[PDB]
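Could you have a look at this structure, given as structure tokens, before my questions?
For this view, one protein chain was removed and the others were kept in their places.
By written order: A, B and C. Residues from 1 in each chain.
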Amino acid sequence: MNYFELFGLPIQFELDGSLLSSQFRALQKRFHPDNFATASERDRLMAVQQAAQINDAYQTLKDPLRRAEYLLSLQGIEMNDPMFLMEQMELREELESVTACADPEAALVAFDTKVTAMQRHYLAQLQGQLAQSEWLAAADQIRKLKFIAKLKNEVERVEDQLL
Amino acid sequence: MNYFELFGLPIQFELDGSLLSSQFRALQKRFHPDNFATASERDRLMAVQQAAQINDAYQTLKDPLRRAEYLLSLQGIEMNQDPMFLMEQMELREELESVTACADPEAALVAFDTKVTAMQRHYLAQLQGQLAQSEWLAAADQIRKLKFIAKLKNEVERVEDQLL
Amino acid sequence: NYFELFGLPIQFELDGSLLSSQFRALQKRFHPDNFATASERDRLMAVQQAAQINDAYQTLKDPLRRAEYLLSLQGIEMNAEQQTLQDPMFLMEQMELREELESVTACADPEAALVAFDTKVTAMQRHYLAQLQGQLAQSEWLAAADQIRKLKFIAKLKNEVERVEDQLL
Partner (left out) sequence: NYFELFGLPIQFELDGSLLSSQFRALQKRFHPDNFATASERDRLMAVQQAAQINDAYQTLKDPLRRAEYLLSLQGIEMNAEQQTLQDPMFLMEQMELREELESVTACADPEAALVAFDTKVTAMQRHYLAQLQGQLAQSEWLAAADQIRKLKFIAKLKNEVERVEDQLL
């Protein structure tokens, strides 16, 4: 079974996060190794495997990027832009400079706002593209969002540093 | 050019981290887009690509896991279980979630963190050993497990931030 | 006087980079290493002076601490608990916000919930700071001492918000 079936969910990008979280807790509770503590050797090993596949599935569907990437994998598509690159370098630069701005926590909030807006716009574009089976456009959105994700991770670092 | 030759480094797992950071700094300085701001569009775009590859190379080499994985790929190896290892990682994760509900969470976290770090250290030494002896199969196994450990290590640092 | 020490004027309004400039100026002057081979009395005095410059810098750098110090100069010290027990309406507001924070993890799309809460708290902080600044400027030390009071809670709430953010991602 693929990851979507496992949770009884439709194969699509749009996902009820709370539903996934409920379906996962039911599975995790059911396939928890403690439920097989006295089973035969073979049964315990298969159950930890099943428990592992469930965690994998949940980890993959929980995150939009992995989920989108997974959706592409089901189509048989496996994946490995200069101006976008230069912009990301510029943004990275802007980020390293907020901690010298007059109001660092204000500049950080400002920066965080526009990065979140970018992420939102790419996610929306990704969703529309997956909806109309435009896989390569989708693949392109996925790469860019991986950049934005790292960028977002760096601003949270700054939020912890600055403080 | 591979990532190693790009920094003038020997192809091996053993790496001088400070040297890499200094070599990266010189490259990053040299190929920074500002140095090409008035160049022709063709030169600018090729320069940002070179700058991007340098950043990628640096990121790939500075992390032992990515570095080890890169070494495997240079041999034409690319990878896509160990039920007992799985179970133990589940137990460790379980133990980590209890740290909060301890007498001294701050002390139990420290204890747990040293255990995980020692474990990481042992897997890292094993990985180094088999890479040196071209035991790629065993090396790839070490890499997978270390990816588990890394995530675990990430979870303890999350709990440390909770307790601080 | 901390303000004297940095040659700065006694206000809540602070030239931030000027402070860091004065700080390094003093740092590079009362640097204890300069007295590493001196008499112990001389060396320990350098250390005490260096530590006091440290205290002074921390106090002025942080607006809340800066405002408490300005209050302190007026001979005013506050008992920052029975003073807040004096203001139960705000305590209730504090409770509503904490309740609403625990309510984030219990929606669907709770990440956008934290964003909404984080923006609100920030806006609340911006507001109380502006009120505090205007209050200290007009010398209403009482009406500043409760702004500090509210901002102390705000600082605590932001930490709780970070705790929720660290769990969500």
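Definition applied: contacts are C-beta pairs under 8 Å (C-beta built on N, C-alpha and C of every residue); 3 or more make two chains touch, one makes a residue touch a chain.
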Displayed chains contacted by the hidden chain, counting the whole assembly: A, B, C
Touch with the omitted chain, as defined above, among B:5, B:16 or B:91: B:16
Contact with the hidden chain (one of C:11, C:21 or C:48): C:48
Contacting the left-out chain in the complete assembly, out of B:1, B:37 or B:103: B:103
Candidate in contact with the missing chain, chosen from C:18, C:25, C:76 or C:95: C:95
Residues in subunit A touching the chain absent from view: 157, 160-161
Interface residues of subunit C (partner: the chain not displayed): 32, 44-45, 47-48, 50-52, 55, 81, 84-85, 88-89, 91-92, 95
Residues of subunit B in contact with the chain not shown: 16-19, 101, 103-104, 110, 117, 157, 160-161, 164
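The criterion applied here is as follows: only the chains that are shown with their structure count from here on.
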Chain contact graph, described as a line, ring, star, complete graph or other shape: complete
Pair exhibiting more inter-chain C-beta contacts, B-C or A-B: A-B
Distance from subunit C to subunit B - Cα centre to Cα centre, in angstrom: 38
Where subunit B touches two or more other chains at once, by residue number: 161
